[PDB]
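*Asks:* These are the residues of each chain, in order.
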Amino acid sequence: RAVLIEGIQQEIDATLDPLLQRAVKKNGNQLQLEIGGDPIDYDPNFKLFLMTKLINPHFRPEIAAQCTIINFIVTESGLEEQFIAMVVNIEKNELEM
Amino acid sequence: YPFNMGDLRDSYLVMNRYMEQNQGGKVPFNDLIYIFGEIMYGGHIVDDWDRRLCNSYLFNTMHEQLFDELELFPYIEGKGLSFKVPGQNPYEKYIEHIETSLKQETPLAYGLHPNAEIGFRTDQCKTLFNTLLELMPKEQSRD
Amino acid sequence: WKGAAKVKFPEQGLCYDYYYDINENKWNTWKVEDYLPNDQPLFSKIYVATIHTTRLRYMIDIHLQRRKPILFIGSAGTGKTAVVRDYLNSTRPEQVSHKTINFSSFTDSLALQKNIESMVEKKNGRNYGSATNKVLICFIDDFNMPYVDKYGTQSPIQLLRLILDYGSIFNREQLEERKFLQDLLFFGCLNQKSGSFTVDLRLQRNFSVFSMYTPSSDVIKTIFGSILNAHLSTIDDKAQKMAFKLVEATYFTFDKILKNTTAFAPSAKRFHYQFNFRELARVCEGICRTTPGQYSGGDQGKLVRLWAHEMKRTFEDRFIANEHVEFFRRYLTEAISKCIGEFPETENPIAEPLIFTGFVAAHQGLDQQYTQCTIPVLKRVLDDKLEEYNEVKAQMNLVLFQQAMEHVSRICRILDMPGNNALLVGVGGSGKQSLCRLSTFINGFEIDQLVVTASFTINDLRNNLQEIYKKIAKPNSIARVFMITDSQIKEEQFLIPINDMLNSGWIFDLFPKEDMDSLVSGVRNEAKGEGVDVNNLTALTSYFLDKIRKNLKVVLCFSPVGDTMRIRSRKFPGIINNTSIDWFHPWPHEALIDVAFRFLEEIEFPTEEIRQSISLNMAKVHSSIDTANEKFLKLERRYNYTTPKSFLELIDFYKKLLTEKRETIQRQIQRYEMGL
Amino acid sequence: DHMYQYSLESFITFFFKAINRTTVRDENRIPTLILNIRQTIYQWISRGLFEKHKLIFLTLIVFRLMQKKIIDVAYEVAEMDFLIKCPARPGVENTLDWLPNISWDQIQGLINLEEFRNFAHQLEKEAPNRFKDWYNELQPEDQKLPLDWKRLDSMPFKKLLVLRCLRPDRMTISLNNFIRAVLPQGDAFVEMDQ
Amino acid sequence: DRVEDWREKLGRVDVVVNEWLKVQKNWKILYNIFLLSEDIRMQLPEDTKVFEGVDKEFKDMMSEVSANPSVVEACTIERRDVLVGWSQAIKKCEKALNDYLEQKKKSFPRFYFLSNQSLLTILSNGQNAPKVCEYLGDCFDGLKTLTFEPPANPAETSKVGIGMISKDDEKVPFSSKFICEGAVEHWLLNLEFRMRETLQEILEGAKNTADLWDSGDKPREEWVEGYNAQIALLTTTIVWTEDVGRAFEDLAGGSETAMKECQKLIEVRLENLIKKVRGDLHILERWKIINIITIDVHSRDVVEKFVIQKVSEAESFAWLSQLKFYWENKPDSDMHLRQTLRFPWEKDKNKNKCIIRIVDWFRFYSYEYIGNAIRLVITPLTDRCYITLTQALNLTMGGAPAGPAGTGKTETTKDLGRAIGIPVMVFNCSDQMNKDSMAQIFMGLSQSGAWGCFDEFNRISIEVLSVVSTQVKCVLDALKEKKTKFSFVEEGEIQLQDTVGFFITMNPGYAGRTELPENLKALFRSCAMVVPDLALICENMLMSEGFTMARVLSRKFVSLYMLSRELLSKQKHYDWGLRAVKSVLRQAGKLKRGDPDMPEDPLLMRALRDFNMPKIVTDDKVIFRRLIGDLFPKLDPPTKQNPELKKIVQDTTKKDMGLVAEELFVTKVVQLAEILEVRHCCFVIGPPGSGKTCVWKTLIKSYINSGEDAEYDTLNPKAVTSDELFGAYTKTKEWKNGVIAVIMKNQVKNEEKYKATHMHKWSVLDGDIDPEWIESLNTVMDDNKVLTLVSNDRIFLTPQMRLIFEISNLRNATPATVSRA
Ligand SMILES: Nc1ncnc2c1ncn2[C@@H]1O[C@H](COP(=O)(O)OP(=O)(O)OP(=O)(O)O)[C@@H](O)[C@H]1O
Ligand SMILES: Nc1ncnc2c1ncn2[C@@H]1O[C@H](COP(=O)(O)OP(=O)(O)O)[C@@H](O)[C@H]1O
Ligand SMILES: Nc1ncnc2c1ncn2[C@@H]1O[C@H](COP(=O)(O)OP(=O)(O)O)[C@@H](O)[C@H]1O
Ligand SMILES: [Mg+2]
Ligand SMILES: [Mg+2]
Ligand SMILES: [Mg+2]
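From first to last, the protein sequence lines stand for chains C, S, F, L and V.
So the number in the entry's author numbering is just where the residue sits in the first sequence, counting from 1, plus 3574.
So the number in the entry's author numbering is just where the residue sits in the second sequence, counting from 1, plus 4154.
So the number in the entry's author numbering is just where the residue sits in the third sequence, counting from 1, plus 2464.
So the number in the entry's author numbering is just where the residue sits in the fourth sequence, counting from 1, plus 3767.
So the number in the entry's author numbering is just where the residue sits in the fifth sequence, counting from 1, plus 1498.
In silico DSS-like links for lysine-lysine, alpha-carbon gap of 25 Å or less:
1. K3821/L - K4292/S
2. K2643/F - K2253/V
3. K3119/F - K3599/C
4. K3819/L - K4257/S
5. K3098/F - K3627/C
6. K2614/F - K2068/V
7. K3600/C - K3119/F
8. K2954/F - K3599/C
9. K3109/F - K3621/C
10. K3120/F - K3621/C
11. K3835/L - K4292/S
12. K2243/V - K2643/F
13. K3119/F - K3621/C
Hints listed in this document are in silico derivations from the structure and should not be mistaken for laboratory results.
In isolation and in its complexed conformation, chain C is listed as follows:
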């Protein structure tokens, strides 16, 4: 179905670089991408989430283009905007249902 890769702070391993390339090689009917030493078959509807527990990360520009960066950081007005929806659900529970 999917794979979440934890840690992965910065400098993505060389074995992922072929996978990180969105390119998949079409060997007739069955699709097969070359990851690691030996190429393995690749089925559709595969997801690969990478997550980085790191305040202010630094990526090589080459990697930032190859993988889309998405910053989930609760900071300043962030929480404020969560706590409103939180409070308005508890306080005025009428006209939220």
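Given chain C, put chains S, F, L and V with the ligands in place with the hints provided.
*Replies:* Chains S, F, L and V with the ligands in isolation, oriented as in the chain C frame:
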């Protein structure tokens, strides 16, 4: 220096063992200050200026006049705190006598000057604004 | 030293420029043999004698007559290697036997011993010298480079201090055998400001040290003056007087770069900004390409452009910051107002669309020109040649916008210059790899890229390299290019072979000495045809190395990110100095609108006015991120980065999302129209 | 300090607890909801805090309310920065007999704040008559500077600024007095669990 | 369903495969314990016959599976349940041994300090006595082995013991023949007692002849020769406590001189004993006499301190504090209450017993042989560290000496115990200590009245450390109640000998520290350990090397080296630490033994100046020469110049080298020759371009032109890799002879550097010294002339072979590496 109730208990067990052997004979304060000061508060102290201090306290309190009422507070000549060692009374009286010593905390109790407290309050204020500085968030968030 | 007791100097000269003649007893001044023009195609073989180069040639003969090892110490591009590489070439082959050891940082005490053991024969007993008492020169170049361990002691250097003093290298197999070495000299070529700035004073003692000074206003005028005056005596009788005028300028500009250190100085970020002889050589090489027919006549304007361009594309290329590109063009239009002094019109010979290319003449059917095309002539030829590369090789679709047009132009130029290896620095996704493959196909050359698996070894690289060196060494050979990238170099060891290929000829010990006695033999039937001396076996080996150097181009393709290039440049001297750098900037606004519009073709749009208009907003968005990305680095510490590949993957996604969205409606609307 | 680490998940329960303990039904709720949440979160943290950090944490709150301007207090950005770290500029040897050199060195820092630019020349106008008399007195935070620097007493944060510079001993009591005045139900925050 | 059947088959294979590896490994151990041990076989006849029935099966079942090799064919649920059948029965015949070993540890409680492997070996060779004795070196402080009477039948090993041998080969004869009876743990407990009996028996003979060397013809120095090191020290300290006791009794009479005469007599015996260590003696009878010096120098320092403070009363604290050793038959013996009586002389109350008093802690001397181990110098700090620990043992809690590493916390606890007589065990706690491993230590400590010092106890896992408390508490809680038999946490009913003590030597600022739970700290009376005063250690080292006025000189000495650090130009090649002191004192000692009549001041002056000059640079020569001229004010130093070697060096340098023989050059060649004559390992350091090679090369070409062919194998150490230099195993396990190491073997014999007539061979190592490279050679750099390799092949460096290191800068060098050479 880590001082613990075990260190006081230890120095009681040795004091007990030394007052069971003398009995009617005069007490050996000079023997008993070394074992108190140099041995039980040797373990902790290496500085050799703190060691001179640690003994001076002990030399002051522990002598023949201790059994008569004696100002435990060092060199209170004409200050007026005068916290004494209680005379012969029931045990219960000793705990009441410690509640009778003035609630007001003075550095003058330890032999330091009043103006030693004034320095501690300044050091207290200094340690607030060094911890506030460390935790002061976002640096005002610009303007 | 003009406090010199009884024997006073003549005035009007330094103490250096005077040797004491016994027969006159005067202090005559060093006499310099005026350059005679040879037909060396490699510019590295050309050697113009100066005052400094003769008074060193003497000092090398004075340290070879004795067994006193010499060390030359001077800035990265001062021409130390050339001074020694001339002397060793001019030695007698029965007196002296010369072999260079180019240190790589990774040249350990084992690797030096293998090089020295290969050089030296076996005398009687445990002794090892040359039989017939020859002098075995082991010329170290880049003496400083060897890897400085944590403590501060370079293993190969400490070995030499065991060879000079006691003369006894412990045999690394059988570590009991003393193995005494005899009749060796060592000729160092340390540059200050690279690797271990200085080597252990415990060696520099054993050596005689000889400064090689940064390029003087006279030394430049006596070298490059002598090369052009010689090479314009050819082209035309007029347009000589332009030689000294252009060489005056190429200095004037070169000086106003070195004197403004706050703009252009070698730094941690500006590690490749090293401006020394190397550049003036491949400016004076690019003017030496003028063929008599297509230049002869009034050269007041045509030359000075060819200059402006050749200058421009060995300095602009180098530069990172656009402030530095502006500073340069001010100097370059001061130089032309003083030295060339014409300021021909209101229109400067220097301009934006100044492009000179030798393949545009070829393609049409004109013979070995290096004349300027205009952009619209370059647009027809390149577009026609991309059609010709898609049709024969594996298909590569690129746009060819003016800035990518220029890039092929100034890579086809660096491949055409024989010996000169290209170095295309740019953020991964720039299409440096794709543009090189084009540039290579434009010229009659055949690109050889190694194919790295996940499990790759130094020995398998050394069979891929050895496969290429079987194709070059046959005589009627189409000069093979060698493509390397940042990803291809998995570990830092693989570079060691590559740095020895691009430094000079071919990587020492990639064959047995039985295979190389057959490769030499295949090029004996070519040498007779050239008219070069045969059965000399010194000039034939030398002539082959010149053919291998000429028929091998080494294009490496790095990115300037996280100082991975800087640490490579530090470790291997070859990479930066020996190759003609060309930097890949992010795509201009004018380019992006074109690139977007080519991909938006084969998508429907109501009034086609939209399709242009979208492609404006597709550029603006990608230009409007780069102005926010800069705002984001200044305001907070958070680093973001965009590449031209990032943009190319937007245009794809929009095209894909627009079809999906429109196909969902075109289905939905069909149901309603069918039903109505 | 280690083991003052609080989860978002744990905080959220105390934030909602505070909303569900409000007895006020929409009259002045939004005002009385804020107040209840501050006290609730404050006590929750303090119970965990050691003796020495309890005062530090309470000042952070009232300075972060000040910083975000939830409560109206006469403060300048530069003035709060100066209070949290006093730069001591040497150069002016001219002193008074009663003033320490350190106190004076801080005043030459204080004069860089546009409000207290003339505060030096003022201190050498009626020096022993007013300021010695002030500086000497026990509890000077409730006393007034009789060279018409009265106005500073009427703005509790600017006066708190002066006290650090001249007489730092009293700061820890002056701040405690200031908390109580400026913060809503401050008297209840400072007392807490006595 | 094909896959899940295959998964169940692999699932079955994984159980039976692990069951052989569980059995085979556990069988292999229990098999080896029974194999070749007819001793252990006859002891447990029930669990050995059962085991022989499980081995004979296992060999047959293994040869019946050899037909079906593959796991798929071999694996059956029948095979699995049979192997679970053995795991259960081999668990019983390992619990049988473990329960048996515990019986023999409980019978003779020093075994608890042997590794269980060594205990199994001794029990296996119960008949072969001389193999048992070998491992008593691990158990005991001294008594390495026993001597023996060569027996009747040469096939039999000798039972009859005629003497005991120390770890330095000092012999203490037994009064009669000590036979080795049937059981091992029985004749060892019989031996453990006999040790103390002989020691005790000899002390009666010592203290009778000790009162006689006051008046009688036999002096003090000639008397010490007769007896052991332990007994000749004890008897010296017993007659000191007597002397000072007779000096207080006289000073009660009013004789002011009594304490000054006491001081005079102590200081003459000390002087007369220093004149004995100067004259050529046997190395065993050096320490027997120098251990007496370090106690006598302290004896003096106490009676000085009594005369200065004017203490004219015994039972003042000053005298109670000092560690006293009495020799009385107290007719009112309080000793039966203070501790428990163990030994027969202790209970007799007719014969005189040696008793040890200090600040209301009086405990008999527990005569455990020590065998001339070196006693530490007694400092004003160590005097207090005795009060602390003694007070702790009287207050029935442990003692925790604490301070920076290098102070010797572990060594001062050991020395107190050694003085008292008691056996002191040391444990190197490595954070691998389990509950069980520690529980066994304490049980054996508790049973055999011994003292557990724990070197780096600070690195014990806070988990197991919280148990240590529960175990220590249980023992101490028993000692307060004074129970002879006490319940431990597990294996309850155990004997407690009263004299047990615990000492945790904690490095307070060491990294990876587990802070003791407050619970545990409240059982351990801490002590404050400071780096011992440099003055006191030098004052010993001076008296070791025949200096009578050592006290005064040693104050001059500490002053020089201390000021030198502060006011000279700090160099890496300077050593002003105690290590460099010892060397300069050794070379001053050889110059005292040469000319004893000369005053001590001009001789030390000369030695200090002579050896610190060649270390010292030009800038510092002019300030250092002045600094000596401050401490030694009016002493005019004459430069001691080798008159013969200086001439032959001048001749060689000119004739057969060619170099000019400058006065300052030959002075450096003479200065190298003098360094090489005493120090095997030399550093001819200097600036890059100077005469470093030429100086050692001219020395060689004098040793050739004076003595015999001095060969030299010049390797550049940094040039070759550290692996290739010493040599290491290839991919194939075959050890290659490396450069330095094959030179070190080739030089011992058979090469060009061989020993036929070569009076001085040496390998010159002319690279920069770095810590990684030199680390492998650190063994030879030290006092030991022993080189260790990766293959564990030893190369014993000859005394006529040197290591000359030619180095520009000691920038990467460790401060120790400089001191060593
Ligand atoms: N007393 C002397 N008389 C004549 N020549 C000398 C004398 N001492 C040194 N030299 C010469 O000066 C040089 C001294 O250098 P040397 O051979 O001692 O090496 P080094 O400097 O010790 O080595 P390193 O540079 O590795 O530390 C040699 O050339 C030697 O011949
Ligand atoms: N006299 C000369 N004639 C021709 N080319 C020269 C001369 N002096 C220097 N060069 C050129 O300068 C460049 C850089 O100098 P090089 O000899 O490689 O050594 P270095 O790395 O020490 O500068 C080379 O391409 C060399 O051919
Ligand atoms: N001018 C261009 N127009 C369209 N696509 C381009 C252009 N330049 C580069 N590209 C695309 O960008 C890709 C960059 O990848 P690659 O060729 O490996 O170069 P790089 O060396 O930058 O990694 C090219 O393969 C090509 O598909
Ligand atoms: Mg070069
Ligand atoms: Mg690339
Ligand atoms: Mg040398």
